[PDB]
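Below is one structure, written out as structure tokens; comments come after it.
What follows is an incomplete set of chains from the complex, kept in their original frame.
Chain IDs A and B follow the sequence of writing; residue 1 opens each chain.
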């Protein structure tokens, strides 16, 4: 007799999936929700190029370490496992991580001269302030973005220098304080046994006496420099007053607002490419909801998971 | 299965039906072949599609630079940050894998339910005019030609017409 049967699809698919009551169930159709593929290289992010600090690190970069060049904007900031050139002179960077967090969000960044080299310091010495910790082509040198002030004649007179903010945004400013290894040196440089420094915006107010001592030489300097920074609002005023022991700003930075950025640590080299998602391991091109690649991502990215596989069954059980 | 159709009383699938998930295979006086019922298949695809799309939509993320730096006197809050990132990681992985398993099960159950639904639709349609063999097959007590079969498939099947022709053969 004539027959009519009802039945279902089967095919050559060996693709296996997982359910709660049974493991490795071969099914007719499925999708993979997990991207295990990355492009193996650092890329541009949504057009913008990153900023690769190279041997220089954030500190060396903002302080104008001679080994860097000493530009303006970035999608994200990249440091290599070893970023050699540090803070040049042995010393301490105060609230470093905070600062790195402040740059962590921004792309705006106009470096200007807040205290123009020649004009600003009539009674003190601009050019004599080098050190053996900071080579420039083998010579004895210093940072680009800071001016180290010293005796002129035997005179190191009081200085009040004031920058009131005419820009439209926050201005990041750096300076430094020198604590000599000898009262000798102190009187060889700043001429005043007792000296003070102090600085105020409405935000920041502080005063330093040099604390004199020699703790073991780092880069053969037992003296120390402590590097400081602050953000001055617009229409506010930063004021420095020193009878000695002050490394003044030269180029200070102005930061404006677009809301994103970040920092990456990778030895992965920068290639020519573009991606909407970037990890220190490599870049990512996927539409997928999940990624096992790296926990650190930038841009529009899939969620990170410890999963070996995530596979969603679409079709039915496969029974040929 | 749960609805006992797939890997059920219907033992296996047909490599020979390429046009859809669910369907029929028939023997006739005009000959035989596999053909898929595209309405139930299509609904299945609507559902599965909305399931996957829903899955993907149900996770979308908010903005952070995962880069953060602490010094050697900051160790505590460093380990706290770590505890955060890791805890969240575990939570999400768990959510993912669980969702996947549960929706795979629900999906297979879904296909099964659909096939069973179809078979009951047809059975209910035919009534006594045909006999139920199993393997989801019917043997007609009368002559069901192309038009007849396709009438079953669009659900327009006419019992009254074949009532007697069936009766006589049911003897």
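Basically, a contact is a pair of C-beta atoms (placed from the backbone, for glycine too) under 8 Å apart; a residue touches a chain by one contact, two chains touch by 3 or more.
Colleague: One each is shown, so how many of each labelled chain does the full complex really have?
Modeller: Assembly composition recorded in this structure file: A x3, B x3.
Here is the rule we use: only the chains that are shown with their structure count from here on.
Colleague: Determine the centre-to-centre distance between chain A and chain B, using the mean Cα coordinates as centres, and give it in whole Å.
Modeller: A distance of 53 Å separates the two centres.
Colleague: Touching residues of chain A toward chain B in the complex: what are they?
Modeller: Residues in contact with chain B: 1-12, 17-21, 25, 27-28, 31, 33, 96-97, 100-101, 104-105, 260-265, 289-290, 295-298, 301, 303-307, 310-320.
Colleague: Chain A touches which residues of chain B in the complex?
Modeller: Listed in rising order, the residues are 1, 5-7, 10-15, 17-18, 20-29, 36, 48, 52, 55-56, 59, 61, 63, 65-71, 74, 85, 89-90, 92-93, 96-97, 100-105, 107-108, 111-112, 115, 118-119, 122, 130, 133, 135-144, 149, 152, 169.
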